[PDB]
Amino acid sequence: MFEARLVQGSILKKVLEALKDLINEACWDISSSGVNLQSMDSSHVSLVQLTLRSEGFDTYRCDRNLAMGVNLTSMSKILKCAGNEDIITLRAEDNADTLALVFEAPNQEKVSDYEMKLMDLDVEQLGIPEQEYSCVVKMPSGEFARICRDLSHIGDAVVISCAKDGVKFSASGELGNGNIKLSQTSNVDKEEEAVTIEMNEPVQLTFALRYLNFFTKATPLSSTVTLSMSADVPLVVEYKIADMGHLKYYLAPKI
Amino acid sequence: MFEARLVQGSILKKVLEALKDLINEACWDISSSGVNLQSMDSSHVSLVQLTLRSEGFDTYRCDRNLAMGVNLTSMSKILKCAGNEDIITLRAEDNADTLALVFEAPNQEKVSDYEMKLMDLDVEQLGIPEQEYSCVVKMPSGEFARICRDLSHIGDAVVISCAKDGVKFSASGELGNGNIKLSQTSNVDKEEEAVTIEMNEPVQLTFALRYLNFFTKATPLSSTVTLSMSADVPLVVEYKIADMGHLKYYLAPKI
Amino acid sequence: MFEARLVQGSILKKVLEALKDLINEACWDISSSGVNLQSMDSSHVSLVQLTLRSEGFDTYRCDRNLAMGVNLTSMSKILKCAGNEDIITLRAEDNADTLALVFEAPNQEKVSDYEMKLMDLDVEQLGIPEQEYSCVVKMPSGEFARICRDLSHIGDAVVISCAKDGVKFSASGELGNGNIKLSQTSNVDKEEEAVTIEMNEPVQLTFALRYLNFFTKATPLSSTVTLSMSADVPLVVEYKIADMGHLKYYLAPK
Amino acid sequence: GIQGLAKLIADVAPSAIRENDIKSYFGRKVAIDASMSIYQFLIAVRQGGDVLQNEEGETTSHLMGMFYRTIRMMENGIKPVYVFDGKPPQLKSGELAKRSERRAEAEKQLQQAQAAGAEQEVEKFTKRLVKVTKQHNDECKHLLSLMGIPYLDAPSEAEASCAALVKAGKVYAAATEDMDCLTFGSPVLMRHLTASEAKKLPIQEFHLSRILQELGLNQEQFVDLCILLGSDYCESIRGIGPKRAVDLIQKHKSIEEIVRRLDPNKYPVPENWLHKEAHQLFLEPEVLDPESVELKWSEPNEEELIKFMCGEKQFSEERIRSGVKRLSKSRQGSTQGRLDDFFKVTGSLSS
DNA sequence: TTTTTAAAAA
DNA sequence: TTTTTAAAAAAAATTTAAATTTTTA
DNA sequence: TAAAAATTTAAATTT
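Chains as they are written, first to last, in the authors' numbering: chain C, 1 to 255; chain B, 1 to 255; chain A, 1 to 254; chain D, 2 to 352.
Treat the hints as calculated values from the structure; they're not laboratory data.
Heads up, a few of these hints could be off.
[Claimed, not checked] Straight line, CA to CA, 30 Å or less: simulated DSSO-like cross-link-like pairs of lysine-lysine:
hint, chain 1, residue 1, chain 2, residue 2
1, D, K171, D, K308
2, C, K217, D, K345
3, C, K217, A, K190
4, B, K20, B, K164
5, A, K117, B, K80
6, D, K30, D, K142
7, D, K128, D, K88
8, C, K217, D, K30
9, C, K20, D, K200
10, D, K308, D, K297
11, A, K164, A, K80
12, D, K24, C, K254
13, B, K77, A, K117
[To be verified] Per label pair, the in silico range of CB-to-CB distance:
hint, chain 1, residue 1, chain 2, residue 2, range
14, C, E132, D, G338, 17 to 27 Å
15, B, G155, A, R149, 29 to 39 Å
16, D, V131, B, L126, 51 to 61 Å
17, B, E198, C, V7, 33 to 43 Å
18, B, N24, D, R339, 48 to 58 Å
19, B, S42, D, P15, 28 to 38 Å
20, A, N107, C, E132, 24 to 34 Å
21, A, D94, D, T134, 55 to 65 Å
[Unchecked claim] Now the stretches of chain C that chain D is said to cover, found in silico as 3 or more residues with beta-carbon under 8 Å:
hint, region
22, 39-48
23, 67-75
24, 111-125
25, 202-210
We put the beta carbon where it would ideally sit given N, CA and C, even for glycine.
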């Protein structure tokens with residue numbers, strides 16, 4: 001018996017557009033204290049850690065810690081059935097085979113019920129410990145889309161260098177030799193253009209690019225990407241959703 | 001010598017873009033007091049009934065009841081060679097096998113002369129009259145295009161429930177149960193937004209969705225859709241063009 | 001040590017997005033007073049003549065007359081990484097066959113260095129200027145892209161007639177028979193949207209249209225086309241880049 | 002092969018079939034049923050009836066097929082090993098004789114297709130006249146030897162050695178079209194190796210661990226289940242198919258409860274129906290020890306591979322050159338580590 | 001080696 | 001009527017050249 | 001609002 005009503009509806013559309021092309025079999029860990037999606041790629045390369053808390057939902061009411069598992073292509077089509085201003089009311093029953101989505105119109109002429117059926121689905125949960133990351137950089141998200149897309153044009157691997165002066169995204173391949181230095185802002189105090197390069201140690205890690213393109217498909221969710229990593233841990237591509245939580249992405253480095 | 005100077009050439013551009021992916025070989029039954037088309041080119045009943053009256057044209061001069069066969073995707077390409085603010089002139093000499101299309105740009109710079117190579121083809125129309133349409137809904141074309149475009153993602157069957165409170169575009173299939181309901185809004189000062197329903201008895205008719213998607217791809221002719229149906233009479237998708245006529249589509253229900 | 005500080009890097013981006021599909025391998029004849037490219041196409045029926053002079057770059061430096069073989073699809077996919085307002089600074093090495101391109105932002109936050117793997121290919125000059133061009137048509141490039149895109153739907157061969165009151169584009173085929181008489185509009189006080197023409201002899205000749213569609217992809221470079229043609233001499237499709245140089249396009253008529 | 006096992010798994014367990022992408026893995030070492038690929042490029046690759054021959058009058062279609070498939074899957078990051086068929090056992094020789102009689106019937110109808118002049122019947126009946134030979138085995142082994150991509154010669158059929166390769170953990174998957182590796186004990190089985198088009202046949206995995214978890218059965222219970230489905234060693238019970246076997250294994254144990262429960266008049270047991278070593282070789286097959294041999298994805302030899310693949314087999318230089326430069330591009334090192342090395346699994350969720 | 005599927009069959 | 005057996009249907013992959021969606025403003 | 005641009009499909013060849 002689960003019912004979550006959102007006073008802005010485009011954020012779940014952005015979450016499903018972020019989570020369509022990456023993973024398809026995801027199980028929604030819905031508790032009384034929030035909505036969680038701890039899920040992982042089918043080839044065990046990338047992890048998705050969505051957290052939507054109770055403070056941003058207009059009417060959040062879930063009694064038991066019920067877990068549902070949808071097809072995220074199907075739920076992405078259902079979230080493509082809603083417009084950008086539709087009031088989205090989630091709706092479910094106890095052990096229900098169907099997930100009901102009520103896309104209420106903001107001007108109240110289109111109340112579109114959507115009974116999307118579930119499936120029997122299990123996803124293993126990998127517990128991320130709370131750890132201090134060395135290269136914690138907070139940097140603009142459309143800029144990250146530009147970096148990931150324009151280096152996925154070049155090759156298949158990005159060798160990120162973190163230092164005191166700035167972060168350095170370097171990609172190599174047969175096409176050429178990309179090397180993008182992204183320095184620290186010293187003049188702009190706006191949060192949507194600030195590129196903070198605060199360190200604990202300099203690191204040098206090599207990640208993939210199709211998975212980083214799938215990661216940076218979460219561009220309209222947030223302006224800032226708290227890109228947190230260290231020398232051995234997979235990086236945290238965190239998109240701070242406005243007063244609901246964070247869509248955290250995890251990708252293991254190549255060795 | 002048939003003559004039709006149309007100053008709002010985007011109307012004919014949108015008619016040919018609507019009928020490009022639906023009808024391939026259509027007869028242009030040109031009358032002395034209007035331009036008519038009655039054809040179908042599908043395995044399902046996909047009758048397209050177009051009216052282009054002579055009152056809304058800038059200059060009409062036809063002295064014969066000629067009807068020419070047109071490979072309609074080629075005329076759709078030639079009408080796609082026109083502009084959105086372009087004056088479109090139709091000529092047809094009696095002894096020639098050409099439908100002469102002349103485009104006059106409004107800055108009087110680009111003057112075109114396209115000749116559409118006609119071919120001899122005869123099809124038999126069926127002639128659906130206005131046979132007491134019990135349930136008619138007047139509603140925005142963007143709303144109907146949105147409803148059909150996102151209900152085609154679920155399945156193929158749309159059942160259309162209607163009552164005094166609103167029209168219900170329920171659809172179910174391989175993915176879920178999508179139930180888009182609407183509300184009659186006579187209090188909206190915007191007349192193109194104001195959903196008005198005239199209902200005698202409630203109806204519930206299963207319809208196809210790819211043919212109805214081809215039907216609702218006639219969107220930017222008119223802001224409103226005069227969608228009307230009866231209990232066993234096929235569906236009418238009417239686009240009342242502004243002082244030009246109507247583009248009526250015919251969809252047989254799936255019993 | 002070649003170095004070319006170019007402020008409006010969208011000019012070079014629109015060059016390499018105008019030459020990616022027509023040209024697959026090209027040579028950049030970098031002189032000390034500009035850069036040239038007189039390469040052939042893949043089917044060896046057209047010729048792309050490109051010239052960016054050194055008076056449009058911010059700073060420019062050369063030491064030799066170095067020529068490098070550049071895969072233009074590769075450099076087009078590298079020039080897609082720059083923005084529409086990002087500056088572009090080319091860099092070349094004598095010992096190493098790399099074309100380094102750094103893309104600084106308008107602010108000082110993002111520097112995008114980009115090296116290249118240069119191919120090795122022969123160089124030759126087939127310009128042949130002063131061909132006694134009979135008529136010019138100085139029409140807008142969006143209008144010419146509209147002409148090529150609309151006439152491409154009918155057939156693959158276009159004939160172009162020239163007269164004193166205007167220029168006539170017409171083709172044929174099974175799909176129809178089009179004829180666009182683009183008129184004299186020099187009366188417009190905007191010279192940039194005006195069509196100006198001069199005439200010495202009436203011409204009518206059959207050009208190709210697929211390679212004309214390949215030519216007209218330089219419509220974001222300049223918003224005028226200085227097309228000049230003759231009886232049997234191949235035409236130009238000249239794109240006069242603003243205070244930088246010019247890009248021509250030759251096609252021998254069929 | 003097992004008749005109707007994949008349809009039974011798609012009916013029962015949708016959570017064990019994972020339709021993944023071709024490019025999704027990028028470093029998951031798989032094991033190929035090689036002779037299945039030899040036949041899959043011998044039937045399918047033809048000039049409308051004419052197989053890809055040479056100047057010496059010997060075929061080359063399976064070599065170009067493995068070339069194009071292996072470059073298209075290493076370009077997506079998959080590192081294969083091609084485990085070849087060896088000696089089929091004596092218990093398999095009945096269905097081998099049935100396939101031989103099917104080939105004899107197809108060669109009989111090929112003469113009527115040649116005499117009738119039907120241009121499409123002759124193509125469909127030279128489809129069934131295929132033969133993996135020792136010449137074909139040595140030719141495919143020589144091509145994979147000049148690939149630098151390893152091949153493991155099995156002492157039995159290749160499905161059991163692929164299952165032993167996955168069970169030892171030397172590879173991570175058994176990329177094999179038929180479902181014999183699920184009853185030979187491989188936890189991971191991906192099918193439909195079509196690296197060209199994603200929408201045509203996507204890569205579907207077969208988690209045997211998920212099959213043995215949702216059913217609750219163990220390994221030998223699944224072996225006896227595949228016996229009552231019917232395999233290429235032992236015939237099935239007459240009157241018992243896919244829907245009966247899930248009921249007859251799922252609340253049950255083995256063969257002995259069937260032969261003490263099922264009466265021999267409604268569902269009669271076949272005569273000379275051997276299961277005593279059919280169960281035993283399914284649990285314990287004659288395979289290679291995977292800890293002995295080492296998988297070596299070495300650098301390819303260039304110029305003699307170009308001259309053997311082109312001048313002896315009538316091929317263009319630029320296609321084979323593009324294939325070997327794509328392999329040298331695809332083999333750069335930089336092994337992609339998975340997330341299970343870094344984050345520990347703290348359970349799962351139910352639905 | 002695979003899937004359907006339309007007749008039969010308990 | 002679900003099902004089991006039976007007699008059929010079938011096993012790719014690359015470039016080349018339209019077609020159908022997504023984004024850009 | 002449209003067209004580049006990424007994407008998908010079908011057809012002849014891959015010998």
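Now the hints, each set against the structure:
A C-alpha spacing of about 33 Å is found between D:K171 and D:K308, which places the hinted pair above 30 Å, so the restraint is violated. For the proposed pair C:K217 and D:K345, the alpha carbon gap of about 27 Å is at most 30 Å, so the pair holds. The hinted pair formed by C:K217 and A:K190 fails the criterion: a straight-line CA distance of about 44 Å is larger than 30 Å. For the hint linking B:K20 to B:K164, the alpha-carbon distance of about 36 Å lies beyond 30 Å, and the restraint is violated.
A threshold of 30 Å between alpha carbons decides the hint, and for A:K117 with B:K80 the separation of about 42 Å lies outside it, so the pair is violated. Under the criterion of a C-alpha separation no larger than 30 Å, the hint pairing D:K30 with D:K142 is consistent with the structure, at around 19 Å. At most 30 Å may separate the alpha-carbon atoms for a hinted pair to count; D:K128 and D:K88 meet this at roughly 24 Å. Proximity of C:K217 to D:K30 is assessed by CA-CA distance (about 28 Å); at most 30 Å being required, the pair is judged to hold.
As the CA atoms of C:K20 and D:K200 are separated by approximately 16 Å, the hinted pair is consistent with the 30 Å bound. At most 30 Å may separate the alpha-carbon atoms for a hinted pair to count; D:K308 and D:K297 meet this at roughly 23 Å. For the suggested pair A:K164 and A:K80, the alpha carbons sit about 42 Å apart, so the restraint of at most 30 Å is broken. Between D:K24 and C:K254 the CA atoms are separated by roughly 16 Å; this keeps the pair inside 30 Å, and the hint holds.
For the proposed pair B:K77 and A:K117, the alpha carbon gap of about 43 Å is over 30 Å, so the pair is violated. For C:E132 paired with D:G338, a C-beta distance near 21 Å keeps the hint of 17 to 27 Å intact. Between B:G155 and A:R149 the CB atoms are about 38 Å apart, so this pair conforms to the stated range of 29 to 39 Å. Taking the beta carbon of each, D:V131 and B:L126 are about 55 Å apart, inside 51 to 61 Å as hinted.
Checked against the hint of 33 to 43 Å, the pair B:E198 and C:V7 passes, with Cβ atoms roughly 35 Å apart. Here the CB-CB span from B:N24 to D:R339 is close to 53 Å, well matched to the stated 48 to 58 Å. A hinted range of 28 to 38 Å for the beta carbons of B:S42 and D:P15 is consistent with their spacing of about 36 Å. With their beta carbons about 31 Å apart, A:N107 and C:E132 fall inside the hinted range of 24 to 34 Å.
In this structure, A:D94 and D:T134 meet the distance hint of 55 to 65 Å, their C-beta atoms being roughly 58 Å apart. Counting residues of the region 39-48 of chain C whose beta carbon lies closer than 8 Å to any beta carbon of chain D gives 8, which reaches the threshold of three, so the coverage claim holds. Figure legend: the region 67-75 of chain C, annotated as covered by chain D; annotation consistent (3 residues with Cβ-Cβ distances under 8 Å, at least 3 required). Check on the region 111-125 of chain C: 8 of its residues sit with their Cβ under 8 Å from a Cβ of chain D, so the three-residue criterion for coverage holds.
Restraint check on the region 202-210 of chain C versus chain D: 3 residues with Cβ-Cβ distances below 8 Å, three needed, restraint holds.
The structure is inconsistent with the numbered hints 1, 3, 4, 5, 11, 13, although it conforms to all the rest.
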